[PDB]
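Undergrad: Assemble chain A onto chain B, guided by the hints.
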Amino acid sequence: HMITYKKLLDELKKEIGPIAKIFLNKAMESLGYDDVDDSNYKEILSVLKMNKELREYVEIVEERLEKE
Amino acid sequence: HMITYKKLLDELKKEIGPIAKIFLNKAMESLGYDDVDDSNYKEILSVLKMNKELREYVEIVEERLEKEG
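Read top to bottom, the protein sequences are chains B and A.
Following the entry's author numbering, the numbering of the first sequence begins with 0 at its first residue and continues without gaps.
Following the entry's author numbering, the numbering of the second sequence begins with 0 at its first residue and continues without gaps.
There may be inaccurate statements among the hints.
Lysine-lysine pairs mimicking PhoX-like chemistry, simulated, CA-CA at most 20 Å apart [stated by the list, open to error]:
#1 66(A) with 12(A)
#2 41(A) with 12(A)
#3 51(A) with 13(A)
#4 48(A) with 6(A)
#5 13(B) with 48(B)
#6 48(B) with 20(B)
#7 41(A) with 51(B)
#8 48(B) with 25(A)
#9 41(B) with 66(B)
#10 5(B) with 20(B)
#11 25(A) with 13(A)
#12 6(B) with 41(B)
#13 25(A) with 51(B)
#14 5(A) with 41(B)
#15 25(A) with 20(B)
#16 66(B) with 48(B)
#17 51(A) with 41(B)
#18 48(B) with 48(A)
#19 51(A) with 41(A)
#20 5(A) with 20(A)
#21 20(B) with 51(B)
#22 25(A) with 51(A)
#23 41(B) with 25(A)
#24 48(A) with 25(A)
#25 66(A) with 48(B)
#26 48(B) with 12(B)
#27 48(A) with 12(A)
Hint data in this document are derived by calculation from the structure and do not stem from the laboratory.
Here chain B stands alone, though its shape is the one from the complex:
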């Protein structure tokens, strides 16, 4: 059930569609993360939750991933 780049992008796409890949990559690049895994995914989403435009959508993505 481990989180991967593809699982995090697929969940983000369910809420924010065609801007998911570009925002994921921006946040990863800022944070210096060279992959996505269980140890860093929450940190990536925490950055994007601070963006006022994305916040409500990112909350739903985080909640769904935590369930899994």
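TA: Using the frame of chain B, we list chain A on its own:
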């Protein structure tokens, strides 16, 4: 004394080198901020402090800004 984009980029480049430009811009863009000002600079730096390779250097910039304040 207001923090500006130029000021913040100049402080970061002192510690991190030319690449600071891309880290600063990618943090700003992730957060949805189109400028740097007194209201948002600490939040911008908070993102860059979460970068393990940058963290000490960003702490030094924060410290230098606090001293000047």
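Undergrad: State for each hint whether it applies.
TA: To see whether the hints hold, each was checked on the structure:
no. : hint             : verdict
1   : 66(A) with 12(A) : holds, 18 Å
2   : 41(A) with 12(A) : holds, 17 Å
3   : 51(A) with 13(A) : holds, 18 Å
4   : 48(A) with 6(A)  : holds, 18 Å
5   : 13(B) with 48(B) : holds, 16 Å
6   : 48(B) with 20(B) : holds, 15 Å
7   : 41(A) with 51(B) : holds, 16 Å
8   : 48(B) with 25(A) : holds, 15 Å
9   : 41(B) with 66(B) : holds, 13 Å
10  : 5(B) with 20(B)  : holds, 10 Å
11  : 25(A) with 13(A) : holds, 18 Å
12  : 6(B) with 41(B)  : holds, 13 Å
13  : 25(A) with 51(B) : holds, 16 Å
14  : 5(A) with 41(B)  : violated, 31 Å
15  : 25(A) with 20(B) : holds, 14 Å
16  : 66(B) with 48(B) : holds, 18 Å
17  : 51(A) with 41(B) : holds, 15 Å
18  : 48(B) with 48(A) : holds, 17 Å
19  : 51(A) with 41(A) : holds, 17 Å
20  : 5(A) with 20(A)  : holds, 10 Å
21  : 20(B) with 51(B) : holds, 18 Å
22  : 25(A) with 51(A) : holds, 16 Å
23  : 41(B) with 25(A) : holds, 18 Å
24  : 48(A) with 25(A) : holds, 13 Å
25  : 66(A) with 48(B) : violated, 30 Å
26  : 48(B) with 12(B) : holds, 15 Å
27  : 48(A) with 12(A) : holds, 15 Å
In the structure shown, a violation is registered for the earlier hints numbered 14 and 25, in ascending order.
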